[PDB]
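Next come the chains, spelled out residue by residue.
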Amino acid sequence: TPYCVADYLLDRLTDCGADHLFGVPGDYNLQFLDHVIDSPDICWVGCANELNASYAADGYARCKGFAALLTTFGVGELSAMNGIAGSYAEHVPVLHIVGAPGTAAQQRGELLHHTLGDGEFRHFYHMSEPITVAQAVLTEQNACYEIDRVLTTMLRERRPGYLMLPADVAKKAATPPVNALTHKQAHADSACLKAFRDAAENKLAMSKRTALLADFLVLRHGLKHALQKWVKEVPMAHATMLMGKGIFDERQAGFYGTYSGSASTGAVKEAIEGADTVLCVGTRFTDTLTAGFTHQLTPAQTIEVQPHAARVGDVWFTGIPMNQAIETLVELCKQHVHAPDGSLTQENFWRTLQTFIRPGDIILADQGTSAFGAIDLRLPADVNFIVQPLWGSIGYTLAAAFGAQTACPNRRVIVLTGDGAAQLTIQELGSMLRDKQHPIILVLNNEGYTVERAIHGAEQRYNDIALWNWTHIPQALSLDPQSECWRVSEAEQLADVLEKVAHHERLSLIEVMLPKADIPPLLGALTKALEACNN
Amino acid sequence: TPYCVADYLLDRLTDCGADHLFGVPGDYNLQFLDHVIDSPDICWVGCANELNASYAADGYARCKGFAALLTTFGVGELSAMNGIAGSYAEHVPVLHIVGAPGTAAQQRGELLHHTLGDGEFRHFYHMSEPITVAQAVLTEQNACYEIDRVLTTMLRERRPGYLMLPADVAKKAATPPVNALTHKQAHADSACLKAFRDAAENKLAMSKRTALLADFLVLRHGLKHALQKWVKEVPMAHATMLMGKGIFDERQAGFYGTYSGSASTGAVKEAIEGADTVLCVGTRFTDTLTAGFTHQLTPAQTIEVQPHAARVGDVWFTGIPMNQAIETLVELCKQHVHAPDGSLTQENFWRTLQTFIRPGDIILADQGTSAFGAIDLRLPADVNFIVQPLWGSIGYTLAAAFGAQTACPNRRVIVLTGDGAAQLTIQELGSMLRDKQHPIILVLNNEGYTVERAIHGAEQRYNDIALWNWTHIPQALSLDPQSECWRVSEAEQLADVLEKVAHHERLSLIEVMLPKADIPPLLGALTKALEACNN
Amino acid sequence: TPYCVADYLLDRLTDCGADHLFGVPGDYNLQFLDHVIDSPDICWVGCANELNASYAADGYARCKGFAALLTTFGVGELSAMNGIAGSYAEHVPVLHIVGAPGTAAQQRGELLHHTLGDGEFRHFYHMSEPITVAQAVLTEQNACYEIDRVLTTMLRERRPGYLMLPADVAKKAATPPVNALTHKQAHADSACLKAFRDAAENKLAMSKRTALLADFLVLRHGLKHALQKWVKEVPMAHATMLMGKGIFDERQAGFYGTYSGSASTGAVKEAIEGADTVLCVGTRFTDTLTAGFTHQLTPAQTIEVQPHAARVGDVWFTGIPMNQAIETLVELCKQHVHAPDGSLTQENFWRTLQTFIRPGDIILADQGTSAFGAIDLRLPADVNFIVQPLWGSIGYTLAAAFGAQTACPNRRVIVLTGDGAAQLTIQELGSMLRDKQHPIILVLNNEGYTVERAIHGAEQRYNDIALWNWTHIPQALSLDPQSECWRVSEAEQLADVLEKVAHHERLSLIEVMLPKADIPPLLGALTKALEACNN
Ligand SMILES: Cc1ncc(C[n+]2csc(CCOP(=O)(O)OP(=O)(O)O)c2C)c(N)n1
Ligand SMILES: Cc1ncc(C[n+]2csc(CCOP(=O)(O)OP(=O)(O)O)c2C)c(N)n1
Ligand SMILES: Cc1ncc(C[n+]2csc(CCOP(=O)(O)OP(=O)(O)O)c2C)c(N)n1
Ligand SMILES: [Mg+2]
Ligand SMILES: [Mg+2]
Ligand SMILES: [Mg+2]
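Chains as they are written, first to last, in the deposited numbering: chain D, 3 to 341, 356 to 551; chain B, 3 to 341, 356 to 551; chain A, 3 to 341, 356 to 551.
Heads up, some of the hints might be wrong.
All copies of an identical chain are treated as equivalent in the list; a pair is satisfied when it fits inside any one copy or across any two copies.
[To be verified] Pairs of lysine to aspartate or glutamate residues, derived as EDC-like cross-links and limited to a Cα-Cα distance of at most 16 Å, are as follows:
(1) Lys-174 with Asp-316
(2) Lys-271 with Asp-480
(3) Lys-174 with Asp-278
(4) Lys-516 with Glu-363
(5) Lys-173 with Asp-316
(6) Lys-173 with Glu-363
(7) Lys-173 with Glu-547
(8) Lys-544 with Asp-29
(9) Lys-210 with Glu-159
(10) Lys-174 with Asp-480
Don't read these hints as lab results, they were simulated from the structure.
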């Protein structure tokens, strides 16, 4: 078992923060798989299909900051396309490793299985270029430094990477790295940082009131603590949008709720849009997050910081690391200080869930009523809120949850998913069972896609779905389900079963019966804007 | 004239070693052009067409290690494609800057001139991806760090880079860099270098005789001195192939001539192929350099070092910088010490030229009899030999020469070009005149493409060319040609004209009449192999 | 000499209307070249470089409706990129044939010359995809039907096509086609044509006055006669823009001059923009043709016909061939009837040229004062006016002229080119000489790029050019120039010389001395708009 490229790769995975590898075996990656099984630092996690695997890796990365996925040439990698795309869209560092035929076989252009039958082997590699920030075809001559390059680029941009690993290359000899792959992000040019500082100061110096608006990018770049500390030391109005929900303890002073354009509550709208200068940190104003771009923030009124550039008014200062810009803003901000029960409905359902969430929780909500209902949950401290509003691929959360549980075995995972969504990735529930995870899964059963009904064709057949018997799924995907299932239809029951599971001694699945047309407050707004675009 | 992106870019150009900018103006780059003219560090050099400009930049980069080209969107950039491609093929760091329409206009998808008329503005950018190692579309939010990224990647890989500079972005405010862009190439993993060292030692330790074979990559990575020093301290048989010709003083001990497979002389073939261990440094065995892949070197018999990886036998050690690998090899080597006149013809022409070349010369030879004749020149010290065997685009050398003169005003530039080749880039001779350069240009007039004739269809009309009156060209491309012209046909004539022009007090153009079918020794071999491929 | 793929290809070329093949030889296309030389239907035309060749083919196709270009892998094809792009931008059917290495050698991924040195052979093929409507890599199994498919697609869309011809494939056996490749463009769906007809009628039925505006697409689709006949039978105000100049006899009734937005004369602006319904046929409103999009034409006021779709008001009728739409419009229209100097200057130069042009002339004008001055020429009948306003690549017209002469040996070719422009493709003048063509070439010598000066930096060094001795160029690019040359500075001299060369018994080159800042009327407008975009 001499040390080889396969081992080098795994070592770099661990250096990056990954302790598991998701994926599904395939002819071309079996031998590589031996190495991951023999590795004492990487644990193999086989999934039901590669789409789920990619979702799982995404979830995992949202917990540990990095993840890896292993698929097989063609059939495996293409099945994961939507997953990687989502990771790229929401800045989630997922490494995609694809086992491929030997270099010699590829040169020969043979009619190998898992190919288009044309002797071409770079089709899928090129198809993956738009959804990765770095990729490479590993060869006997570039193996190690290419591996280090993509991984390094991944950590810098916080996005997916792609590595084609030909089976023979995996076996090639290599020597263990003396040093772990370093992150060490470069500092900003002092002069540029100064220019930014001066511009920011002049702006904040004349500001009557200042507000802070932060989103997902701060989560991706590990600046949560920086922001919590900031708002604690310098009290001010502060919020996040759906994507960044979870960076703040929403029970603290200065938090009036989650911001989402004109669809926000009057308090939030006032606290944020009302300030004469608002700091936008790691912010991305997508249509879903702003209720159709109805946010009232102007260039003059704002200061925004992005991963590698910051802006004050109309001027941009490129070449400034997000962390340094935030640091500068904190210093300046200290320099200008200023003074019931019954039948279940979306309404009472979210109200009940509110009294249930506890610190240290990991909550995932899928597209639809789940996500736009959960947006109103007032989160305690140390809770990881996982949602995917920009990419918005339904089915994601159930699989993502499996990934989160794998990353945090000792944290309570709450999965909020619609009945339509859960159908797309149901088989991963079988993986939760196999690995004996204890997540508390709530399926909002409203007999279909109510968000779609809300947008158009409420009574159209295409918004219906096969009606499943949810509570019986666990015993179908397992020979001995360490699970507990319930069908709830009354607020009381829901609250009842919630306390019975609040300590997750087993996988618990709760089928929550809800009205077909019942829609959360926010959702109505977003829904009316979407159909307005269709007309 | 506030400091802006345009200025930031130029400053980085100078940091990289460029003092000139080649190109041809265009609507979209005029404003940017102002900045280069006002810059005290960058000199603008307008050319006759973009193709020539790109060739000139390549030649310039082969002298100063870096160059920049400026063209206009669409019509300008595509005209330079072949040049950039050649730079990429032969590892020449040329930065291609293309002035483009404003970002707003591009978003609007307007029917602007220099477009395909479809509202798309990324076609040409994408078309340039295969021939650059890094590229970027500059925006108001990424300007500076993207500019530094491509330039940095260029210096690392020694290859072309591409920057699309929208006119409005050029005008955006920026702040001067406090520090010059650093190269600082990373060191190899001590463990990997060790493994390479041990493997190399075991191999060298049992070697009866060792030989050194170096090529162009050592020139590109600035290791010319390292190799000269090496061979001086550790005497051994050593050579280069056509591409790397010039790294060694071929008058020194251990040099028996240029290596080119079985087409080499018996002495060279024995000195190199005869050693039981041959060191291949920065080597690339192309068909033209090996006479149809007729080199007799085996894996076991060799040790090769590439830019980022080295090999001994069948084992590769990836992640080792070329300079460190050479350093290691030098240490280990010291541990194993082991003791004309008459009618002109290709024959007497090259013999004459041999007595003419002097140290400090810069010699350029185009594809055809020029290049395969010049390969036998025994070069003195400090001479820059410029040839392009891998890409092999005829016309290149005349324009490249202009670039070389621009970079080395005080060095004697000898241009060896065929009559067919000179026709493709003739107008750049007008630039030489305008800038009052004093090249000594020799046009081998054999009435056509004799190399092609040698390959196939010797008496075919397609190998003929319009017959020009070469000695009258200067007075056609200038109102006051600071030049001297000669039509030579006897070795004595050539001999005398060369003594006259020895100190290049003026541009001198020598039309050398040669036989239509006269071919140099080496060329016959290469020629027979090429047609063998056609059958 | 058994019939092979090479022969099949040539036969298809002739079927398409080509009698010549432009290009420059190369190792990989020599054997194919034998076939073209032996062909009694295709004449080989070797050029100075492949950029010029592609321009020549473009010009040729503008005369015969189809052309072919032959280059060599990598170095050849990339040099022609700008030409093919221009052809694609302006809808010129040029077939680009590139000779390539044998299929076996390509599969092997060898380090062949003219490659990037990575074993990849599809880079350039892919790079050419955005500028062609069809392309194919010829193989032993697809040769003939792929050849027919791209050619057919070319004829349909009137755009460039690409064929990679591996040397070995060219030698493969084939059988001569029984039938010539048919065009036979499909008819429109009767119901769709009816809907278009009814909509057009309702519009025309209430029109007080109707005007016709036609451009280059009618030229490309061979509908010149259809339009001339139209306007003759149904008298009405009619014009073309710069690109379509030449479709009409501008001396006839109803023609008030060339249309170009607000930069047009009051008469033209009134005749066209003044009608309540204007027919836009084969029209493309680019920025250069409309003086910065200053045309005053509204959707309700217009009816436009494109190659495969027509529009009336806001409704589009897709699936209607241009020729049928025109036919329908003609029928409906018939249903609604209604009631000297001394010192030379741009002014007196164009006035003089006006009295010189005669029916049957072929006039080419390059970008700059040439094109924007020639736009005011009142053209007689049967004159082919060649200009390239959309792509706008300078240097194009000199080479294109060579192509036009080749296609029309017995027509008088007038080349109007600036001194800046002619420098980029000057060597093709050598080809005109070699083939003994009798162009009458006028070089507007105003010491530089006056259009650029008019746009920005009038006194900037970057708008200057090497000053050439134009009248001495022919005797430099030929050993026996069958030509006459004159430097002209007075209007008297211009008229005189023009009378001497009227019957083009020889190549005649006229250097026309003009003021550095002298700009034509129209150009001032276009110039002010371009710099407005830079700010
Ligand atoms: C992969 C994928 N396919 C289709 C869609 C379109 N879509 C968005 S929401 C939705 C339905 C949501 O159904 P569900 O989970 O039932 O939500 P609820 O009725 O709870 O709102 C669909 C089909 C999507 N986002 N992703
Ligand atoms: C741009 C380009 N076009 C075509 C070729 C194919 N080619 C290789 S050598 C050659 C002719 C060389 O002519 P010349 O300079 O006359 O040389 P000689 O007769 O001295 O061998 C040609 C056309 C090429 N290398 N590059
Ligand atoms: C290949 C190419 N390079 C650069 C340009 C930008 N350009 C447009 S017009 C022009 C100068 C025109 O010079 P010239 O032929 O002298 O005309 P005049 O002075 O008659 O206007 C230039 C450089 C272009 N259109 N095409
Ligand atoms: Mg549902
Ligand atoms: Mg020659
Ligand atoms: Mg001019």
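Which numbered hints fail = 2, 3, 4, 6, 9, 10
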